[PDB]
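Encoded as structure tokens, here's the structure I'll be asking about.
Certain chains of the assembly are absent from this excerpt, and the rest are unmoved.
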Amino acid sequence: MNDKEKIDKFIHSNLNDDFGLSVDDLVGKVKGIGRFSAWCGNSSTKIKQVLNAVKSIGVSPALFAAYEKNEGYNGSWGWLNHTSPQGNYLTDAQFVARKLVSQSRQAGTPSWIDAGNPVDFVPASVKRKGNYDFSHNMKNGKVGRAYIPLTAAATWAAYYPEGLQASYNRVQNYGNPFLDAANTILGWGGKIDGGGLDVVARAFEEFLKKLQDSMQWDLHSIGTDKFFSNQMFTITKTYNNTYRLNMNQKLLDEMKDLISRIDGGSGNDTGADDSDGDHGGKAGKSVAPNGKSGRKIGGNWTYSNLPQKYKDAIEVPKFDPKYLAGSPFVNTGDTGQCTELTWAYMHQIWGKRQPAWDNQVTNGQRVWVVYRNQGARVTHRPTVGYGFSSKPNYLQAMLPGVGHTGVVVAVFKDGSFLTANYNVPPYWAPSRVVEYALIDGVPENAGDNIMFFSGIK
Amino acid sequence: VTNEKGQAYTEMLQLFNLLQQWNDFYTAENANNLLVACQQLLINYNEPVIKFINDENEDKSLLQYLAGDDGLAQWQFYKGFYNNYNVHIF
């Protein structure tokens, strides 16, 4: 890299560019250098404090250290030359770092004339090119934006390096701030140059391994030569020399559940009658699971922005926050959780304090178990006034092992239903904002993936 | 008691700074998403998160502490978490 290429890449580097040098790399190199020696007493600890402070404000420790090395030490001046010291070493370093960050973003023009010795010698053609580069090519937050406006020496170093010589400027020989800083950083070893998809692949490989694991278990004889099945696969004789390999329904469920739900797949848990048994229940309307797994077909509306047709369809009283008061979830740090809404809203609908726990972790997927253990019925039918428990993929459940819960507030002739929810986007816990979501019916074989429970009576 | 509250604030800042390496912070919405994602990780997966924060290994994965060595379980957890919080936790 020639000196012009070094200056060009260096002024176009970000003000916060590490230049391939860590704070630990610089601490040994800046011992004996100006204010690091005079103010920090060559203390590795004090030097690290200054370099970390300038880094946190958005200034490169390597750039700040290279500047101090080239500029030299004047006792009467702060870390920025021609400034008084501001408080102690650290306070002054933080002040200078904030000034450089502000200047870099600041509206500015290259300082073509030295304020102290005003001689206009730079060709108007050079000034036009440097002004164009500084205004159009040099983005905010670059090293050049921080230094080129501050001094004529910096402006000449960037766009007219010959102007640093007394021959051209007619005053004195000036140092090259950009080349000297660049050479110092390079001398120190610094360099100037100017998504879970794999997880998807690993998941597939695991499934292939899971296929091997299913096969590990030995087959049994089903009847005679006709069949030889276990609990995952069926070997069925087809002809004298033929056997076709079928697969046991469990196997399909065994891994199909794994596809959507990581654990607890479907337990073939005790369920409720297909009949709504509205008489059997306290009241409300229900719809049969209709297949079409689907998911949320609309939702997360607050009561104010809920579409009127869905607002008219709500068959339960609007949630009253007074039921939340005295909530057991406040003490546990679970304020605004979907389980807290389920507890408070079911208390409002059923007129009795509902259960929050059964001496086990209660979460969206399992809250139906807590209610069932207290005599709360439960069904695979979305029923108005009933709580729901959903493992991930269903009714807005996003986290495996946590699931989601809420209350069914309306059911529709097409078998879709409206749910009231807490802790869903955009209002996460502990917001306690009630959000209404339209759900696309229920899969016939959801099982414990989706459970609808009543309130205790 | 004073130490426990200080420790919880340190654990939250450490987790936030680690996850920030894999998450774009250009938008204010994402910054809020990572804050919510970190507090839900500490509340629901405290012991795994504390093991991950205190691991000095360069190849450490929070997914390994949360879902074990099974890549499919890690993928299912990650996909569910990312859908809920729009946050990377690799």
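Note that the chains are named A and B in the order they appear, and that numbering of residues resets to 1 at the start of each chain.
Note that in this section a residue touches a chain if its C-beta (ideal position, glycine included) is under 8 Å from a C-beta of that chain, and two chains touch if they have at least 3 such contacts.
**Q** What stoichiometry does the whole assembly in this file have, expressed with the labels used here?
**A** Full-assembly copy numbers, per this file: A x1, B x3.
Going forward, only the chains that are shown with their structure count from here on.
**Q** Calculate how many whole Å lie between the centre of subunit A and the centre of subunit B, each centre taken as the average of the chain's C-alpha atoms.
**A** 9
**Q** Would you mind writing out the residues of subunit B in touch with subunit A in their complex?
**A** Listed in rising order, the residues are 36, 40, 43-44, 63, 67, 70-84, 88, 90.
**Q** Help me check something: in the complex, which residues belonging to subunit A touch subunit B?
**A** Result: residues 195-196, 199-200, 202-207, 210, 258, 262, 333-334, 392, 397-402, 425, 428-429 of subunit A touch subunit B.
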